[PDB]
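Just dropping this structure here.
A single protein chain has been omitted; all remaining protein chains appear in their positions.
Letters A, B and C name the chains as they come in the text, with residue numbers starting at 1 for each one.
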Amino acid sequence: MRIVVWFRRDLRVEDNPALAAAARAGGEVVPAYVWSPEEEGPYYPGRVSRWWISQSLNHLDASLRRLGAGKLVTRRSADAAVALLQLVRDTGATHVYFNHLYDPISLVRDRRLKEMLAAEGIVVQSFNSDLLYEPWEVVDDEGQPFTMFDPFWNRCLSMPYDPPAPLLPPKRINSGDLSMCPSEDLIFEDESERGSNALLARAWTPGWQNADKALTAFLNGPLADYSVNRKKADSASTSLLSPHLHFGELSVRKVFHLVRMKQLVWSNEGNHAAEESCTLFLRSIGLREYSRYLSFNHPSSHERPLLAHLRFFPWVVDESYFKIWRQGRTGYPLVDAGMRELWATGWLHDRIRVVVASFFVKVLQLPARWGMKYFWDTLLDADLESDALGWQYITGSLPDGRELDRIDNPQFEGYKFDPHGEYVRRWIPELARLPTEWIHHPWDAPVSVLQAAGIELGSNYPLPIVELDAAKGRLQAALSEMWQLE
Amino acid sequence: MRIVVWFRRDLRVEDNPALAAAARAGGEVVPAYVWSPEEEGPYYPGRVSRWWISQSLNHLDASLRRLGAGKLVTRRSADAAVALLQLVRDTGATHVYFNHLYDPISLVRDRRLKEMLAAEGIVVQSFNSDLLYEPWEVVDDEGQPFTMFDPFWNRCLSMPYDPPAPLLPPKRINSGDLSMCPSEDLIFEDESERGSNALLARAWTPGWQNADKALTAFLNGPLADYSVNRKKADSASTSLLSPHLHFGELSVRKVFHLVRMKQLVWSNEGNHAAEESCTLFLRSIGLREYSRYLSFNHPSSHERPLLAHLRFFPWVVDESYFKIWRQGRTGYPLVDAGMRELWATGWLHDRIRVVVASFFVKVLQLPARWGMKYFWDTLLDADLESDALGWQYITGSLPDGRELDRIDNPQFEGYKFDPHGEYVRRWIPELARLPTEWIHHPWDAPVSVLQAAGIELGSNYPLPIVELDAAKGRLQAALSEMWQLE
Amino acid sequence: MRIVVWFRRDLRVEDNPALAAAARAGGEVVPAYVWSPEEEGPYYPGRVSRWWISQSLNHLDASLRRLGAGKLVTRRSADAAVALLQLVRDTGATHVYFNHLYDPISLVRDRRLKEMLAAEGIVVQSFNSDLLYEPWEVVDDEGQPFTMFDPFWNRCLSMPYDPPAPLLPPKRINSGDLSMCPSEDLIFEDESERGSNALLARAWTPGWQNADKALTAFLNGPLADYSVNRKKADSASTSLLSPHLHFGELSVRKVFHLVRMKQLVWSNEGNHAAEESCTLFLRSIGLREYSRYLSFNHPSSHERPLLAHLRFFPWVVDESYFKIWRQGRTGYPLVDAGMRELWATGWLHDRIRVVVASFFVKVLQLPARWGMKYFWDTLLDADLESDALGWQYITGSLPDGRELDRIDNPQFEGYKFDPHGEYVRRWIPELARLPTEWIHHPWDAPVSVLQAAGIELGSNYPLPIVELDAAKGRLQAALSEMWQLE
Partner (left out) sequence: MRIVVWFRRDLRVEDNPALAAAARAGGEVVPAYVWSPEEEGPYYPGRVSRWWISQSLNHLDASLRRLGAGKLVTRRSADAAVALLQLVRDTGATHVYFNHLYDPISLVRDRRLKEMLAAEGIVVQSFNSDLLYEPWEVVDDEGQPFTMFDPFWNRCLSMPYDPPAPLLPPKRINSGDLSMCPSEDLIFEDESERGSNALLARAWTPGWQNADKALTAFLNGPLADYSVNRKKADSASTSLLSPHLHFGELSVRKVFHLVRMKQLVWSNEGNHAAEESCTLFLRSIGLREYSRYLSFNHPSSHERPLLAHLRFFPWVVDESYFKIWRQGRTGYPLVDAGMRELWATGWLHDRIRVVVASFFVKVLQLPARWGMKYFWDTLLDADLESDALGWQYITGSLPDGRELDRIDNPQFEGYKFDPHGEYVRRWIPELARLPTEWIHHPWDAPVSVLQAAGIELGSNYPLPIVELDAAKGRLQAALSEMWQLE
């Protein structure tokens, strides 16, 4: 009843530097979650990403009632600023203790939020939660922002001062009265998909308590061989904690500590593989930090994301091709098993997001905004930076890699990410007897080894809708339309 | 170089009562395997059942060379009797120590084999390996054979004398010379399927050494709850050792001992569930013993198997329906996941052989000899009795159960064998988001819960080729053709 | 109420070939245990060996009530023959189904028992339980008994016929009425040691159910390295099941089966160490079988045991020396830790029975009947053959080994049985800092390394009562009294 913390994307109580700075403030703290998806514009957050919030908020209530604090109130309005001002009015609070995000749509909203509340009479203070450093204090030589990643992260490990350690969770807090503020339940998922969304719990359980159980099971397990099992998609040794790390159920400053703390343990035991796989796991953590630093600084993705160097190219406006690739009647088996895992789990491996999405533009030749709006709706780790950073990288625009005029060609795009075919036979079991040479290209197989395996192309497994040698040249008939104008 | 043992379907060295009776015979023993599939008539043994033999023979050689004995010679001819007489001629042997099988095609061959060898001058002696008792010494009240199972097996546990215990494996044997007999390698699998058959090793490894590893992993594991997990097909708690138990890699007299020996351990520990699941596991072992006793005695399946009370009914002669059911474009999802597991593993659960095969006759209305000849070609536990006993039982003819004029109706044929749908979503992952009420019948679902789950019937998942209410009456238009003639 | 089985030293229900031959006999069986220790003469069985029976009988009652059978009646009289005749009179039984033992005091009693019962009118039948073969059917070349062990056991593995396998335990039996026979409880242990005997349960739990738990924990565990950890006494890798194997709680025919059954498993896995340690474990089992065969056949230990080639030698008649060696104020540390383990556990390692008992005769020069009567009173595996076979062997009389005119000399009698000193420091912790060179001989140590370790000889740890160089010649002053008379 003195200060408020309102969570936005930090759904945790361990080392949260707005709740722990509320416990030692002396007065009473009441928490909050204002839900306004109409403010976020075209980035109405997901459809299974909206499922994760409703099960993580209810996990946060029973984890924060045991520290005291009564409840976690949840209000709903069109914009945050009317609802948050009505919250300090209803409760009679003096401060607002939030922490700044780095979306280009919330950064304009946060200074607009700090402009409404401070002119009223209450005082606010922002903090730094889901980032190692802050993106304005990391600089290059003179004063500028970086424009690449490998010059950037070489400054990020060789800082003058180390990142601040995970500060202690609070001992106990107090709300005073749990009934002055009339909280209300609110819908997140639709009523037609009230039962079809509960089938994502076969692989994913949300909550902050399951975030550190998933972290510690990775440190003892697959971190010792992350340097070699990084690309292989058949085994689940790739630390499936990015939905925890996107919604702030796991702090980046704790994963940076515990990996570095046990890098020293393996460093003086002669394990040269397990110490190499710790500098390569923190590099991937730095890719998350670089995407937040990119949308805040100089490029900024100035008005909308999915933007670096295109949006003329003569795409086919065929909706039924978007009905085939979404369903998976595509014939190319590696982009077909990846398109079935995304629907069944709400999850893909990073190298399988490489081949599913690059097939969507370079072979199928569809507009890339149809690929984002489908990835945005059914995925769990669907943020505004990394979905914009990754689509930028795979379809080709950072001077980092994965250029155009280059189709996937799954003959050798599969022998690096899936050597034995344990990923194709897991997800399309109608292809489970092809002897691992034609499991990545059944249309290149002779008729004798196909009729022996029980696959008749056309009835059991569909033909490729677009041939590989066709779109190897049909792209260059369309990509030359860039190179006459730019 | 004195006596010969020739293995037929007892590919093991532990408690084999023809090899152990060859070690204590004093002289030298040479083993053999004569392969004549042209003698077996229409029962040319399998196509993946022929894969299991080629990998179990080579497992038997390296397991019997370490007892001595030099080699395991393998000859090939049209009939066994010319090849076996040429074997005692080439090696100068005096005895033949085999053990009698119980196929109606080998029982006529065995007395024909004993008729050729004894008239030459050499002496033979048969033994009893793959059976608990012998089928002529188990009798009913006066002198007759039984005609049912539950009167039969009540005599089989209440015998005057117990079955003979597993006699010790031999200490060491000797062949003398490993080069007098010019052995030859021989083909089992085709050259077109030399690589597609090696993909059954993802679930099955043959050999007698893996038979007791699979047995002991079941006694400590799923035997404690076999009485409740008997019908459920989603979990693999059903002791997958019938391909070991068909080819004689695991003796029935050892499984009867070790289950009964540890039934006593659980009997005086208060475990009333784990002692009930031992009388129900030996009952299923007795179903194997009853099928061998049935083809030898009174019914005998007199000239051919797949025979009890039919073969008029007006079947559709449509080959493309046999191309749909073999592939699995059938729409009924429970008989579709079962039709994909049979092709991927060469294995089905016993209650899934119930619903796949009864759909083949009572709904699709195809001739049952097309169902045997497909089951015979791709299955591992494809014998001559139990494939004939089971097709007789499920399609309805023993006074045991599973009568006609009764379709499967998977609305409640699935809630006993697959309660949560973990078996359908494992094998058809294009149906992985239906909320477990319409996972067994997608065509009975409303359009809203189907478009939310991403299934559009006709493109993603095919329609039912034959409706359920159609064949519920279209059978009775065809089954009345029995009841005017019989 | 038709036949009786009376247990003597076969306190088990698994593969007991008098109870299982009572179940299939048709009539009702009542079990019994007649306790007459006054018949056994000087071999009144033990004082902790009498503790093991009272806790194994009560374990047998609750293990045989669950098969039916009502009770296990226990009567007490001076001789067995009056009590057993009063038992068939009280119950009206027709047969007596026991199994013959091989003590020279029970073999004369058994034919005296068969002489009383058969002349009355009832019929008896003996069986073979606690032996592999029978000692009259194992012969040498012409017709004679053997006189050694290594010629004997070479016949015992190369028999014409294998030993009979473990026959199945009974399904269920029936006593009919549990109150016609007025059974009575009876004392085994004294009332002064009613509480001091319950402290042997810190290491030993009796019963037949714990016999196979102790057997299977050895087969998976220390049997793979029994060939190298056979002599080392510090680690408990030596299969502590001889108290189970003496009282018939574990059949010898089952241990011969399960070791031989899994010798084949390790034989075709390349484990040359684990297959050697199975031929050396069955050799030690054969030492138990040889001692039973020795007291029945030609030497017979004709009127009393502890007898092969002595009982003149001029022993000291000092009782206080027998008070020192029993207590352990002896100074020699290896025979002192062994004398403390025997009192604390009722158990010694076989190589520690070697050095404790040979020090008792060759150095202390006491009469050997004081050593048996002390070993008989406090030990668990105190039978009439192996206690007589072992004292015969270590003090020297079989042409097998461990001759006289040879003291122990623990300088190198310890570096084979206890290399690091983990056995001395476990049992005399007042010596726990001597640096493993003088842990086996503290009196041979300099004064500086003794005062640094905190041992002052005379107050903390006593001096040797008899010097080593004294009894190295004082024996030969007494052993020359043999060699003038024999």
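Details
Here, a contact is a pair of C-beta atoms (placed from the backbone, for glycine too) under 8 Å apart; a residue touches a chain by one contact, two chains touch by 3 or more.
The chain that is not drawn here is touched, among residues C:82, C:287 or C:449, by C:449.
The chain that is not drawn here is touched, among residues C:154, C:196, C:279 or C:480, by C:196. Of the listed positions C:344, C:470 or C:477, the one in contact with the omitted chain in the full complex is C:344.
In the complete assembly, the contact with the undisplayed chain comes from A:63, out of A:54, A:63, A:77 or A:227. Only one residue from A:257, A:283 or A:369 touches the chain missing from this view: A:257. In the full complex, chain C contacts the hidden chain through residues 190, 192-193, 195-196, 198-199, 323, 326-329, 340, 343-344, 425, 427-430, 432-437, 448-449, 452-454, 456, 459-460.
If you put the missing chain back, the residues of chain A touching it would be 13-14, 24, 62-63, 66, 160-162, 165-169, 209, 212, 257, 260-261, 264-265, 267-268.
Keep this in mind: only the chains that are shown with their structure count from here on.
If you average the Cα atoms of chain A and of chain C, the two centres end up 71 Å apart.
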